[PDB]
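Novice: These are the residues of each chain, in order.
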Amino acid sequence: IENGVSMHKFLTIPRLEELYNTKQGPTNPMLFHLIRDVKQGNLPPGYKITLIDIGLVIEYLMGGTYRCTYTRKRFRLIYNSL
Amino acid sequence: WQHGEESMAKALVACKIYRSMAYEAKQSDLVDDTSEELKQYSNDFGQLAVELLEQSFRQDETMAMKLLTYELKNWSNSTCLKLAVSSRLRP
Amino acid sequence: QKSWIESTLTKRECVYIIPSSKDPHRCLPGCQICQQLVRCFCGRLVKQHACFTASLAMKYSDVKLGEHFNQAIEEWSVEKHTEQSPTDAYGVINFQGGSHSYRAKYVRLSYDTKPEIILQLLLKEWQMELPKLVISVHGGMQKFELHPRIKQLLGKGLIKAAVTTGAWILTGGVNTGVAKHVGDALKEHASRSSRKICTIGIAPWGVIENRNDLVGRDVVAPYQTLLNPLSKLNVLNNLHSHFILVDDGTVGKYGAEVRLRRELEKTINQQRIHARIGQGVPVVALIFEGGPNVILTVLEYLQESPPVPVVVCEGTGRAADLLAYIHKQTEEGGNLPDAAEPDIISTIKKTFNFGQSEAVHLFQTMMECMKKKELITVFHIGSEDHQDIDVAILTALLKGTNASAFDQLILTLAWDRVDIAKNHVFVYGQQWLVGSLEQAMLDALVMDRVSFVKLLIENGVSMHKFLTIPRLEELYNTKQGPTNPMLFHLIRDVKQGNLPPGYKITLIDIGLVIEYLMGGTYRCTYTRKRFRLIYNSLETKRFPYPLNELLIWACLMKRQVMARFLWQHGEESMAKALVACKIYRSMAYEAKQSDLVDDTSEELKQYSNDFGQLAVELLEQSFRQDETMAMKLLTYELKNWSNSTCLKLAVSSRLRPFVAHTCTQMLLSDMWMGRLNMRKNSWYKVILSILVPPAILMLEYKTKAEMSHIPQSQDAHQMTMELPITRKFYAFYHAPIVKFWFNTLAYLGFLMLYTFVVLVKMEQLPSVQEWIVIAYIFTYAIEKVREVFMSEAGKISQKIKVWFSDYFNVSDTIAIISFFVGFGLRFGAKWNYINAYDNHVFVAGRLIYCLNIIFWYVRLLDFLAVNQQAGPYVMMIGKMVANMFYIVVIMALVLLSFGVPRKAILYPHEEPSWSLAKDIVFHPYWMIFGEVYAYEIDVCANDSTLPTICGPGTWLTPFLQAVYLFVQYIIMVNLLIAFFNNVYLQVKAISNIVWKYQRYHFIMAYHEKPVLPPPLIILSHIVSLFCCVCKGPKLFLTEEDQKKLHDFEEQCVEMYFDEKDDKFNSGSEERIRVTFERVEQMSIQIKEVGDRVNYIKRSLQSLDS
Amino acid sequence: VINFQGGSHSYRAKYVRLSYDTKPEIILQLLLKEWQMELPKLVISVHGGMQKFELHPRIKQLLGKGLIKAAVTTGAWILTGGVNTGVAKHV
Ligand SMILES: CCCCCCCC/C=C/CCCCCCCC(=O)O[C@@H](COC(=O)CCCCCCCCCCCCCCC)COP(=O)([O-])OCC[N+](C)(C)C
Ligand SMILES: CCCCCCCC/C=C/CCCCCCCC(=O)O[C@@H](COC(=O)CCCCCCCCCCCCCCC)COP(=O)([O-])OCC[N+](C)(C)C
Ligand SMILES: CCCCCCCC/C=C/CCCCCCCC(=O)O[C@@H](COC(=O)CCCCCCCCCCCCCCC)COP(=O)([O-])OCC[N+](C)(C)C
Ligand SMILES: CCCCCCCC/C=C/CCCCCCCC(=O)O[C@@H](COC(=O)CCCCCCCCCCCCCCC)COP(=O)([O-])OCC[N+](C)(C)C
Ligand SMILES: CCCCCCCC/C=C\CCCCCCCC(=O)O[C@@H](COC(=O)CCCCCCCCCCCCCCC)COP(=O)([O-])OCC[N+](C)(C)C
Ligand SMILES: CCCCCCCC/C=C\CCCCCCCC(=O)O[C@@H](COC(=O)CCCCCCCCCCCCCCC)COP(=O)([O-])OCC[N+](C)(C)C
Ligand SMILES: CCCCCCCC/C=C\CCCCCCCC(=O)O[C@@H](COC(=O)CCCCCCCCCCCCCCC)COP(=O)([O-])OCC[N+](C)(C)C
Ligand SMILES: CCCCCCCC/C=C\CCCCCCCC(=O)O[C@@H](COC(=O)CCCCCCCCCCCCCCC)COP(=O)([O-])OCC[N+](C)(C)C
Ligand SMILES: CCCCCCCC/C=C\CCCCCCCC(=O)O[C@@H](COC(=O)CCCCCCCCCCCCCCC)COP(=O)([O-])OCC[N+](C)(C)C
Ligand SMILES: C[C@@H]1CC[C@@]2(OC1)O[C@H]1C[C@H]3[C@@H]4CC=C5C[C@@H](OCCC(CO)CO)CC[C@]5(C)[C@H]4CC[C@]3(C)[C@H]1[C@@H]2C
Ligand SMILES: CC(C)CCC[C@@H](C)[C@H]1CC[C@H]2[C@@H]3CC=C4C[C@@H](O)CC[C@]4(C)[C@H]3CC[C@]12C
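Residue numbers (full-length UniProt numbering), protein chains in the order written: chain A, 459 to 540; chain B, 642 to 732; chain C, 3 to 540, 614 to 797, 839 to 1147, 1157 to 1230; chain D, 94 to 184.
These are computed hints drawn from the structure, not numbers from a lab.
Positions of the beta carbon are idealized from the N, C-alpha and C atoms, including for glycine.
Just so you know, not all the hints are guaranteed correct.
[To be verified] Only part of the chain D face toward chain C is listed, based on derived beta-carbon distances under 8 Å: (1) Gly99; (2) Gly100; (3) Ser101; (4) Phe146; (5) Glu147.
[Claimed, not checked] Below, computed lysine-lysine pairings styled on DSSO-like, alpha-carbon distance capped at 27 Å: (6) C/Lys1185 / D/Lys158; (7) D/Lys107 / C/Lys467; (8) C/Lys1169 / C/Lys1185; (9) C/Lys1169 / C/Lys911; (10) C/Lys182 / A/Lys467; (11) D/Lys153 / C/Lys424; (12) A/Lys531 / B/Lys723; (13) C/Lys497 / C/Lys917; (14) C/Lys424 / D/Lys158.
Sequences are here, hints too, so could you generate the full structure?
Specialist: The structure is reproduced here in structure tokens:
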């Protein structure tokens, strides 16, 4: 960051997608347990995680009427376009 | 956390995320419970929010009270106070 | 346009389309490329011009047909052929970098903007504080690095110089040179000076990476900070805060800054550095690591009218290390050594590849620079020269500029740099005019420059001669410093409620404010005849004690650091601290009673308690040296503070730690004794002597010397000259301890009789016992009216209001009034019936007596409160009642929650009656106190005492009562025990202080109480009154005793500060840090010697062969 | 009793202004009972020239440090010319 990487330009949807899906670091096993509890109780074979699902987890955790940017129209439309 | 803006809000969102994660870990039959590791991470960010509030309050009381109630617009139009109440953060 | 920038500052777009130099690149046909490659001498390809006027010139062929008489191709001018149009970009760039965005600003003005518009842009449009200094750095571009020694230091001084002086650092901004070293120094001292140093990059709109990203009218353009490779273009250095980009010309041409940046260096100087000050803002230049056009610029700044001085940090690079030695080979302002053409122009040829084609031109620029070396400061690195350039930058403005030392001093004063002035302005041999150091004192006081007031007092300013009426008038009226808005609010409240338009404050008005704040009978020197006469007439126009008058100034202006300083100077330090406590306390009160916004009632209440603690700590110091002389300090009249005493001032401010101090308590105990030595005597011989008058002649009395520290009445001090027989009776009956027991025995005999009256049957006429009781209360009542209408404060409504603040005076008032209602009904009742108690007016009278007597038994707690053990417990009882209130409210609610259901279940056939109010509260209350009413609980049992109450639902009441008592005893009674256990120590402690404090008013009261007690007191009323028609305690000191006491005060204040400096300098925390800092310093020299000894190894090689 | 408005104290002093040919004993009587001075255990009679600029910052700090120490530990008198243009200045 100091030497001049810019997170505004670095971070993208597919990169940020990867960062959730990596099993190449100190992961959290429990994230899947929260995803499968919001999806339908099930999971496909490998299930590369989506950001709409992350949005759904946050709403469950943050509770109430919290609505996340990842579950909004514009993100839901553009992500379909990616 | 130390990078960007809305540092007091981000700390309170982190407290709420970890608190709710700690709860469902306490309600899962897994082996590594991780409900005191997460409840401790929640209280670490909880303390950060409290300490930033004290800092703001020592500078200007009237502007610090505004910080509790301005809508955030990156965090679902909530307020820092409502986020703290959501996490049962008494301090 | 809704913006001053959009309507004022402009762009410079090249409308005229000179083809590039002449020649096309390649590509045989010359219609595509004469359009395409052939840029403008503007400096861009042809289509980028986008000329709103001549947009259709390129489609045809271009503007300006080719041939055009070659002369007229250079005829393009930035001046002429360039449409001045709006800005099109001014906003806020950012820099994603070292954990912050590090925001900044740009205007992107044209180039030929007028010089004044910058100053208007900088100060109101950008909202920048006008600085006290301007550092204009210069040098060359794109150099690698420096010695790690020098690099760390140059910042450390450059920062320090700029932060301590609110300076601007003018750079080029671009991160390819001078700006880099500036910025790299900022991050090593960032988040310490990130809000005081307003660096400005006046760079061009030419050489820069992304010129188009900076574009955008009122945008927040997210500019990068990555070195864009495969290029030479440069970036705006992130750690700058302001930019003035210069729209002209093109990319690559970077010459349009000297015309503007220089003007800013000229227009800031024509501004006045401060309002009170008349000198212009200084400009300095720090050249490090320079180039060929710098050496032109250095001489262009020195030759200027007036000269702008120059700093040169040797070893940074060529121009620095060069000049540092090129102005070392010279006379002071004259000629060079033995012919220096070879060695000087050698390096000028080596550093700059010249070969005598441009090697004289620089040397000619050098020999002009050495004509003024007094302005070329040079920072000799290695030999600790001026210690971290801040001296070197700042002293350069104080080195030779034929500026008087008065101007050298003010400049330090505006900078707030004392170390500079003391070490470089107050130098040996320095000489001053007569009132130059006086005008410098007036400025330092108005500016709240406390440390410069110290420097001037030491160096020899005299406040006895400095301070005058008109000067001291000014100091109140200045709006050129940290004023107090509230002073006017106190003035307009004492004047008439109004104010004239400007109202230059007068000192009589200040005198009136102080009297209002100090209260009571305080009369100030400023409202006296002599001052009121002489001030009308405005040594006579001086003050005898000027630091008493400035202490008042500093405390009314809410200038505390100046107040503490001024307090430490002069005499009467304990008194001044107590006056300051009272002034701030009263100011804090009226701030708490004003609808203003900045309440400042905790800032003032804290300043009051700061001086309050100082007085307490000086008393302790004095008490540890000599108790008897310390007690004299409490009571000597001051004569500069309205003839009050230090103790009365402390009582005025309700300052309990001073009054509750053991010294004050020792004095109060000695005044209690009177002339009686109650160390050689016993309390039972006093009581024996009140009843046996001739035993008065066999008590151990005190000598006039033993009474020297005790204030006395005038009549009491005249009978000290000798002890004859009649003088000894005076000494006894006028002692406060005797008046107490003499009133206490009379009061006990009063209660015995009044208890007899209420307990024994009452006839038509009052008995002898009842008459004596009435006489006591009547005369006791007159005695209380005497005490109110002779108290202290003139105003009845204040005398009234204070007396009804004491618990027992409220009760005594109720007691006296209720008694004579009772006597009126008792005595005025006509007996129509022979059997008393048939006459209700009589009964109401007698029942008032039986209830009035409760007041008089409880007043015995006031007598008992004279004991040191008992008295605090009496104070505790009232404090605990207040504190236990809400626990008892909850208990009262629990009581009703039980009482109402019980009565309703057990008594369902009741009509409305006030007995219902009794019955819901009566039995539930007595349950709290150990009465369960055992044979009424189950009303349907065989052993029940209420068998007729047995009915439906009555089986519920035992369950209710079981719950009720669980809640009351098991929870609420034990919560109250736990409450009292846990607050006992803090309440006992507060009650001891309050007991000790109220001992002043109690003992002082018995100095003005008559000798005779309240039945026989009437003689002392009638006689004393009548003798007055026929016509406080003071400490008396000889002149020698006043001398030895004023010296004692001074000695003990000196001990007080010495023991603080030696307690702080001897603490482990202070010795660790001085050890820390000295180990930090050595760790440089150890390594430094380490380098030298490693270079004395270079000797070993060369010397041995 | 003259005074000296200076380094945070008046720094008081005294003068007799005697003639010149006063007898020698009268000084001792003046010093001990009239001025009430403790007879010393030492007398330092400094001498030197007048109106010199300054000393090495090494020596300056030291000469006092010893001169003070010698005089305070021994209840000594330091006889000077008094005038602030020489010997007295350094004292
Ligand atoms: C002949 C007979 C005719 C007349 C007879 C009747 C005469 C009546 C006699 C009344 C006594 C009068 C004493 C008043 C003293 C006032 C001055 C004073 O010091 O006040 C102070 C104390 O606060 C009070 O004094 C408030 C009233 C106290 C309660 C007094 C009556 C209680 C008993 C009634 C029981 C009734 C029971 C009924 C059911 C059984 C002011 O308050 P403070 O000290 O600043 O407190 C701050 C608190 N803090 C620490 C939490 C901040
Ligand atoms: C700073 C605080 C302390 C000082 C406060 C001091 C002032 C405080 C206030 C004090 C006044 C209190 C009230 C007084 C009585 C009036 C009420 C009443 O019922 O009266 C009765 C007596 O009426 C009489 O005329 C006979 C009483 C003689 C005067 C005694 C009271 C005044 C003395 C004051 C001594 C204190 C003065 C102190 C020194 C100046 C009238 O009723 P009746 O006629 O009997 O009955 C009629 C029905 N019948 C048919 C059955 C007959
Ligand atoms: C450990 C020891 C205790 C063991 C517990 C075992 C419980 C067994 C329960 C027994 C209930 C039955 C006994 C009485 C028989 C019915 C008729 C009768 O005689 O009624 C009697 C009253 O009593 C009532 O009318 C009802 C009493 C109910 C409450 C009993 C306690 C319940 C448990 C605890 C509740 C607390 C909460 C519990 C949960 C936290 C009539 O008596 P009387 O008043 O003389 O009326 C006659 C006169 N009259 C006609 C004029 C009115
Ligand atoms: C949450 C905690 C719960 C606590 C336990 C549950 C509560 C206790 C349970 C008790 C059992 C219930 C008793 C039923 C008896 C019926 C008999 C009858 O005829 O009526 C009776 C019931 O009516 C009453 O008014 C008495 C009720 C008992 C009150 C107990 C209070 C003490 C609480 C103790 C708490 C400590 C517990 C200790 C630990 C276990 C009244 O009799 P009588 O009016 O005389 O009737 C005429 C009869 N005669 C002709 C013979 C005279
Ligand atoms: C203001 C300051 C006062 C100071 C005191 C000094 C001055 C006052 C001193 C004395 C005055 C005495 C007057 C006596 C009058 C003669 C008639 C009489 O009363 O006879 C009684 C004898 O006497 C007693 O029974 C004594 C009653 C008073 C008790 C208190 C005295 C001790 C306190 C004070 C002295 C020690 C001091 C203690 C403290 C260290 C007999 O009873 P009776 O009363 O006739 O019966 C009435 C019945 N009837 C109404 C139904 C009809
Ligand atoms: C600040 C000043 C305030 C007070 C001002 C003064 C107030 C003056 C008040 C009252 C004066 C009353 C005069 C008489 C009125 C007519 C009635 C009459 O004469 O006879 C009637 C009196 O019946 C009663 O009940 C009288 C009760 C009055 C006393 C109230 C005291 C209040 C003081 C509170 C304390 C305040 C403390 C204040 C300080 C905190 C009946 O009498 P009878 O003829 O024998 O009838 C026999 C009937 N039988 C057949 C049933 C047997
Ligand atoms: C003719 C008659 C002949 C007889 C006359 C003589 C008879 C006797 C007369 C009086 C009785 C008291 C005598 C004892 C005194 C002890 C000495 C002492 O130290 O006192 C102290 C008490 O100071 C006071 O102010 C005490 C007040 C007494 C009245 C309260 C009675 C309470 C009754 C309610 C209870 C119900 C009981 C009711 C009983 C029915 C004063 O000293 P100090 O200030 O504490 O000193 C501390 C400071 N130091 C450490 C520096 C020293
Ligand atoms: C006949 C009957 C028996 C006789 C009665 C026995 C005699 C009476 C007993 C004790 C009286 C004690 C005397 C007071 C001691 C001094 C206190 C003082 O100075 O101020 C205190 C105020 O005070 C209060 O707030 C109330 C004081 C107590 C009143 C108690 C009345 C009795 C009934 C009540 C219950 C009724 C309820 C129950 C009804 C069912 C201070 O408290 P504070 O505010 O925390 O401190 C500030 C102090 N400062 C301002 C000096 C800094
Ligand atoms: C919430 C539970 C629901 C309620 C039911 C279960 C509760 C337990 C048991 C049962 C309830 C009591 C039944 C036994 C009594 C009936 C017989 C009777 O007549 O008794 C009496 C009346 O009694 C009534 O009229 C009943 C009143 C019930 C009030 C509610 C109870 C509190 C429950 C709260 C529970 C919380 C426990 C504590 C918290 C943990 C006696 O009447 P009598 O004298 O015969 O009438 C003749 C009148 N005459 C002569 C005028 C003509
Ligand atoms: C928060 C608390 C809730 C409960 C409570 O306090 C506040 O609410 C109050 C209301 C009161 C009643 C209002 C009016 C009357 C009528 C009157 O009629 C004269 C009859 C007869 C007299 O002899 C004429 O001859 C008799 C008294 C009575 C019934 C009151 C009783 C007390 C009560 C119940 C009080 C009770 C303690
Ligand atoms: C409501 C009326 C008619 C009935 C009687 C009221 C009761 C509560 C009155 C009558 C006399 C009163 C007492 C008279 C004197 C004192 C001494 C005082 O220092 C504290 C209050 C105290 C202790 C009073 C408390 C309340 C009291 C006991």
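Novice: Run every hint past the structure and note whether it holds.
Specialist: Now for the hints, and whether the structure bears them out:
With its C-beta approaching chain C no nearer than about 6 Å, D/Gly99 sits inside the 8 Å limit, and its interface hint holds. Of the supplied interface hints, the one on D/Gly100 holds, with its beta-carbon coming within about 5 Å of a beta-carbon of chain C, less than 8 Å. With 8 Å as the threshold, the beta carbon of D/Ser101 comes within range of chain C, its nearest partner Cβ sitting at about 6 Å, so the hint holds. Interface restraint check: D/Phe146 against chain C, minimum CB-CB distance 6 Å, threshold 8 Å, status holds.
The restraint placing D/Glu147 at the interface with chain C holds, with a minimum CB-CB distance near 6 Å, inside the 8 Å limit. As the CA atoms of C/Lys1185 and D/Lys158 are separated by approximately 22 Å, the hinted pair is consistent with the 27 Å bound. Annotation: proposed proximity of D/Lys107 to C/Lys467 holds, straight-line Cα distance about 22 Å (limit 27 Å). Simply put, C/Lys1169 and C/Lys1185 have alpha-carbon atoms about 25 Å apart, close enough for the 27 Å limit, and the pair holds.
Restraint check for C/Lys1169 and C/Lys911: not satisfied, since their Cα atoms lie roughly 39 Å apart, outside the 27 Å limit. A threshold of 27 Å between alpha carbons decides the hint, and for C/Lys182 with A/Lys467 the separation of about 25 Å falls inside it, so the pair holds. The suggested pairing of D/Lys153 with C/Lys424 holds, with an alpha-carbon distance near 18 Å, which does not exceed 27 Å. For a cut-off of 27 Å, the pair hint linking A/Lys531 to B/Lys723 stands: about 25 Å separates their Cα positions.
Our distance criterion of 27 Å between C-alpha atoms is met by C/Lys497 and C/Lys917, whose separation comes to about 25 Å. Distance hint between C/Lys424 and D/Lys158 is fulfilled; the C-alpha atoms sit about 23 Å from each other, no more than 27 Å.
Violated hint for the displayed structure: number 9, the only one.
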